[PDB]
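**Student:** Based on the hints, put chains B', B'', A, A' and A'' with the ligands in the right spot on chain B.
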Amino acid sequence: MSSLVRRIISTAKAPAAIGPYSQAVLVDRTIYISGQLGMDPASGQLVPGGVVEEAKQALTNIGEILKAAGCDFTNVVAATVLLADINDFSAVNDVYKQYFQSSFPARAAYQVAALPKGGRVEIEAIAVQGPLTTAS
Amino acid sequence: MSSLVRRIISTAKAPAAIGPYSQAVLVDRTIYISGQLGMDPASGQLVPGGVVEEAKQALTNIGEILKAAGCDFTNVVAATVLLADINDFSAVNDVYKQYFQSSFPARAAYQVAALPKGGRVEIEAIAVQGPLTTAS
Amino acid sequence: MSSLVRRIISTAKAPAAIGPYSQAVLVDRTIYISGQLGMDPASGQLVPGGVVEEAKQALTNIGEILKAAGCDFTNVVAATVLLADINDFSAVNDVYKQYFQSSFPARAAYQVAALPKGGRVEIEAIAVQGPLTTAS
Amino acid sequence: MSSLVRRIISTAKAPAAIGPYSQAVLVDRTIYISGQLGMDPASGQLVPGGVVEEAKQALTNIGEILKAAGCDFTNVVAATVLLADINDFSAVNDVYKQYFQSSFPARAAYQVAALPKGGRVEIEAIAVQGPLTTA
Amino acid sequence: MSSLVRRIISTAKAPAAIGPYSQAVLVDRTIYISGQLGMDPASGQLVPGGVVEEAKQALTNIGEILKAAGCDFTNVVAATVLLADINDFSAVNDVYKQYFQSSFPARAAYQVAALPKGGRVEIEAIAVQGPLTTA
Amino acid sequence: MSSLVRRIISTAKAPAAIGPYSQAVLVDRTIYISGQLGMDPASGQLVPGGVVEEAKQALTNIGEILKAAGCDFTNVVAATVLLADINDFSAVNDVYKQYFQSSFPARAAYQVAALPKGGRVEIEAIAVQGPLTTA
Ligand code: NA
Ligand code: NA
Ligand code: NA
Ligand code: NA
Ligand code: NA
Ligand code: NA
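So the protein sequences, as listed, match chains B, B', B'', A, A' and A''. A prime marks a further copy of an entry chain. The entry's author numbering puts the first sequence at residues 1 to 136. The entry's author numbering puts the second sequence at residues 1 to 136. The entry's author numbering puts the third sequence at residues 1 to 136. The entry's author numbering puts the fourth sequence at residues 1 to 135. The entry's author numbering puts the fifth sequence at residues 1 to 135. The entry's author numbering puts the sixth sequence at residues 1 to 135.
Looking at chain B on its own, in the form it has when it is part of the complex:
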């Protein structure tokens, strides 16, 4: 059988993945991105200001991991939005909509019991390395 490419993604522009995981793994053409919190890459802790500020930082973190893999937000095909409070969905969704223009990823959003670091939002994503011919 063919030997498929696997690339470990690492960038200093996003919180370091310490311990036995990677920021993202590209395998064949699919990139599995680890869930990102609203963590500042240089502080090792949550940015202040609550769920809206954390959502902006989380998506900035995802964007920097995508860039390191040669992609941008147009390559995302599926995402999961995990919340500490379901009532924060609308506010987080108003941040999320700023990162996508069309051909939107599949998505699930729901409230979990707790996230690491006391986070109020965590975003996971799957992307596919381009080029991609988008039909509809």
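These aren't lab readings, by the way, just hints derived from the structure by calculation. Cβ atoms here follow ideal geometry from the backbone N, Cα and C, with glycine treated the same way.
Stretch by stretch, here's where chain B' covers chain B'' in the computed footprint (C-beta under 8 Å, at least three residues):
| hint | region |
| --- | --- |
| 1 | 2-9 |
| 2 | 23-29 |
| 3 | 33-39 |
| 4 | 108-120 |
A few chain B' positions that, by computed beta-carbon distances, are all more than 10 Å from chain B'':
| hint | residue |
| --- | --- |
| 5 | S10 |
| 6 | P48 |
| 7 | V52 |
| 8 | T60 |
**Tutor:** Okay, now just chains B', B'', A, A' and A'' with the ligands, sitting in the frame of chain B:
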């Protein structure tokens, strides 16, 4: 590198995906389907009657998104069943078993803190566009 | 279009998947593995001793499903660690790190409201059938 | 391993087989096209007029086989031009150029000792089913 | 990019190489088979009896190369029949038909000026490793 | 279906086209290389010295086309050696061996009636872009 196909799936037979997400995204041969609640496509709200009725509607919604992608339930390879109450697993599983006959998807099922719309069940799925040669 | 391979994975060395799901599904080159609890394959119930003992059993279960698919832990590309208590993350992570040496999977870890069987940890994984050429 | 598509291409718009071969075989996305003489599709006989008329008919036949496989001449990636007479090279090149207007295929062209039915030219091709990317 | 499988196919059931070539090369799923003369595998000499016997032996040799690559004649998608004498066309066609019983490959068949060792026929082939889909 | 890469390979390090063909076509990962005569790349004329010198130049030209496509001779999977004179077989084999040092391609080699420009040898090839796996 080759340009892989990406298709955005949209059908009126399932609740519309309003905002920055799609009902499903087909990319290469893999379809990522957004989590479906027991929402009536024409009412914009949960069907009445509780978790069993919602589970039937959620799976009907998934079925209509699959059809729009040229698939049926035999193309599903992985699913996630999210519950408002773990004790509803058996009742939801008795609905779920009606949609699959053999070569069953991988699955995870667990209780979350809250789903959108006050839902009691949400189902996510991954499918692969056929033809598929099923070995075992 | 080409007919892609789908294989249903079943091994007696891991808890049987009773009902309408499979331990894992291999489709093309990607293996979707059902979430595994710290369940003893021969008892049908959780191993005693708490979250650390359950985490060891869960990962042993994943390992036996991988073996049945012709893989080992080096083929895992993404994993999810679901917890009954976020404060158990460090203890579970000290077990998890024993199964991986390098080129670590993408990962998400968080606390859910409840797992089946009263479990304190559940691990889901995605693997890709080898050979894999790991770049970095 | 996956099961790859293999399809026999057959159209009555190209000449019937005069031996144990298919007009073309599509396998995965590559189409191997049998050598075409300048035979009229309805009668199976070589068209009159010599190498120029036979070359036009052979390429017309290839075109109908490509069309049956959902392709046109832009899908051809390689071709072989077998001549009964190397002095016909310039004449056949001028015919050939009119069918392959862009993304010219790779090619080999030379004289053999004899072609079936006394043909003056026979043309083989390899195509790849689209879509293909552009420069 | 992915690393594609490339394997040299070699079997003692087919004649040893008399030059700098492999019996066949498998790359991804396509198998390019070298031109086969009607040589006996054990001795490397052309079998007696002329074009009919040489054609049978050449096709038998192709069959053993296919078998070594996990294939049979149904995996062949394209072939080339090189003749020393175009008048042998009907005789070679009748031999060839007995090996290719279904899904007939694409083909080109014609006379060249000379084959190695004075062979009267040489046959090349391209195959695709299965599984392949059916009509 | 996916859009497969198709690229015309063209380098001034190999001779300019003297007809309606590209030096090579890359499609997906397979490279079809046009027949190369022993023509000098700068002048387009056959090198003096007969079949041995022409064979070296033809293979040098193939090498430059492979290099333009990010390949070398180890990527070649199949080749065809067309001779004006079958008695040159041993001489051409000795030249050919010096370029293909490992993983020898599949091959067909025989005499045709005439080559363009009065060439004594013409060589075609098929390559697959790497990476390829090893034994
Ligand atoms: Na959503
Ligand atoms: Na809070
Ligand atoms: Na389950
Ligand atoms: Na309720
Ligand atoms: Na993690
Ligand atoms: Na507990």
